[PDB]
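Got a structure for you, written out below as structure tokens; questions coming shortly.
Missing here is one protein chain; the remaining ones are kept as they sit in the complex.
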């Protein structure tokens, strides 16, 4: 019917309610479920779908062996009806490659996938299921993007992409698309020193992207995008509550304008946050060292006050269970007068933390905000690894 | 499309014709069929569909082991095309949780699931495939609901929920919904002493819910709802013909206002009845001790006459086979001048009655009223347990 | 969309071309294929589907064992997109039971199934996917029907049914439906002495049904129905070319008005022919004793001349391979000025002919006429029974 406008404010959030869970690993023990990683969700005027990067093999298949590997010619972005597990019989192939993003502009879905060798990858940008535009690498070092949904306003959909070293300064750009065609390209500007795997959402005409600094900061960079002017600024989350993985203990003060460093042994993980003054929530793994457990912390003024701490918390996945990437999404077409925050968490099973199996895959759980105070429990993966031995 | 208005009477019923049967256990022995329980059926303007709570594993998979357990973070309400068996490939996830209800108001389907730990469950109410409202536990003891369809009139859909002990006085409420939003909440009133798992149907502007008293009565409670004023009354089925399971022999007289006690060893099962004067039918298991066999009895005036007995009978499942839950639905959108009574019977296989397997699951059979005098036979499950050993 | 009128003549047929083949057994050896029997095809404004009675188990499943049995509470009529093999994932349940018919009247599809014990069966008649009418057994002996498509004219669809012994005089009726409601019922009239499994088609306002006399005749009965007046007559195929299975050698003369006896060891099989003066074709098995091979014979005047012999032939399945039931259907909605005859052949595999396995099932092949002189080859099933040992 119409191009989506981001005019609505964000809903008040006081707790999180379950939206969907696919139990993909429990089911994939017997049924023919695709191996995946890097999942997310995205909505359109008719409902929500799950997305992820297949590895082009089933979980029980002998080719599941060696699926710790991030990049091959056999991966592809695939989408399916929210709640089902991803099989070869229920999935649509959005595009071919090993890094992706996707979003619907109110009229049609744009989907983007990078593929190719490390020194020569390229993106193919699709719209309405047809390929529209190709983008070659500009720094010859693994051209990559969000791994969760992008956001559109009046037909303009910004996408953050990076090309360059994972462990040093790199070349990030924001590309503004309309119907899959490049409208403008900007070089990253501001105080964020390294940008990866941006988790983005919109409200009141503004798009905010909470990302992964894989170089220095255990605090997460924040890009603020104006989709009408097609301009942006960048900096860090102000809060002393650090939310990247492999982080040190939370300091006495955060820093709005420079990375807070430290932690061991990993340099980062995709994550997210909703930032709306008092109404601010940050997610993070529970363990400061590894991708284990997951908590949501309500931290008033996190985007602007270096002394902000948590006033409430919700365990999403207990610390005895494995988590992974986490990213934001919103059902912008809800029949509501405010945009209601949602998020998912990738439940990674297999290697390298579970090395008694030869594969690496995941399942999905997703939740959405509530104004009420709802009880909670842990929504871990649920599969028994001994069954796959 | 318009709102369903309950303007028509019940059709006359003199026997029952076969509507559907999914043979899920038979087919699940090889093809990839999800483990379920608490199934049911519900219709809309286009047709009827089957529903149940998945356990988030297939029947031959290793995770089927332990599915006797009722509540987990891996259960969800799923629905599918009537007659098909539920596989991971042909089921839509309606909501996540371990107790549910659903119904179509003539415009869209409302679905409701409860999830969470015992002392802190919440319901999420969906409308048109999107989440609308959340309701937290009010008594801190397994908030739960019907396990069969709800019924709407002019957009108003009442739901019965209980929170509190299973073996003592609890806190039942009736919640009136419209487009997923709460219109009114009433506390349970009248002579019913305990309320669970109501099976409801509509005719002539009036909604009747036949329930499970898990505390005292082997006679079933009956709530009568007026969807327009949003008020109700409650009492017991008067008839001496007892229909709950683990019940004593039928006494000389029933009791309209108080429970008839006795029976061993189990406190109750979900069941149903159609109450319409002379045109009244009661379902029950054939065995008075176990969930085995299933019979329909025409007992005129069962609703109001403590002396009422059966005038005809129809065996639905012979007493050499396992039954389970049973509930009501109607195709309110049929091209008829009256509303024709339908019902389903859950056919439970595995534990605890068949402990040579490690799982528990169910198939479905469903039948509807006929004014003719149709022959009958047993519609048992039909799987051979030894093939699963 | 309007009601189909049989306003057109039969196309001239000089040859038969391949329309569809599902190869269900070859595929069912590994993938999850439902056991069936008694298949057929039926078309509507949009296309053609295949139909069959499922046994409620896959072919490699342990419940395939014992599927020689014709009647059980686990059978159902299922329909699927023409060409595919029937799996639990791509099949629609039309109705429940162990004998059926189905046809489209231009607006919606009517499907009918009979179920129940031998001395008490009943038919349920469906229209647009809803139950409309119920019909109790009238002779207390396996109420049963065509096992191929019925035909409609101005919204009236006649159906031929039989109740009574298989080896003696039985009671056959013609029931005329309109949107699944009974318009009129007639007892069988004329000189056919027993009727079973009618294969019917329409042309120039007249319905012809070629049937199976299971009692005495190796020649097949023919019923001619006028769908506007709702009347019929009956007799036998006049040709000396006998086409039932288990027949004696063709005699010097046929018999229009009485059965011709003889044949070992089978009392009959479902069959068909198209009867149109010089343009007339008779199907039959190649073997006179058994369900083996299949051939099409152009026998001018077979309907009126006891001396009529073949002038052209086409082998459809060679005599080293198993056949089964056969029946007529036509795509009444084709973009052609005449109605072109089509037919299928059921290819039975397993018991009793192939007793090294425990099951009985089938695949399908279908063909339609051509005015050209096309070459041909055998379309046998194609599976290797050793693979299932």
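As written, the chain order gives the labels A, B and C, with residue 1 at the start of each chain.
By definition in this document, a contact is a pair of C-beta atoms (placed from the backbone, for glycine too) under 8 Å apart; a residue touches a chain by one contact, two chains touch by 3 or more.
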Chains in view touching the one left out: A, C
Listed residues C:89, C:325, C:339 or C:359, member touching the removed chain: C:89
Hidden-chain contact residue, picked from the options A:39, A:56, A:300 or A:382: A:56
In subunit A, positions touching the absent partner: 32, 34, 56-58, 60-63, 72-74, 76, 87-89, 91-93, 96-97, 115-117, 119-122, 124, 129-131, 134-137
Interface with the unshown chain - residue positions in subunit C: 15, 17-21, 23, 26-27, 29-33, 47, 81-85, 87, 89-90, 331, 334-335, 368, 370, 372-380, 382-384, 387
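Going forward, only the chains that are shown with their structure count from here on.
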Overall pattern in which the protein chains touch one another (line/ring/star/complete/other): line
Centre-to-centre distance between subunit C and subunit B (centres being mean Cα positions), rounded to whole Å: 40
Multi-chain contact sites of subunit B, meaning residues that touch two or more partners: 32, 87, 89
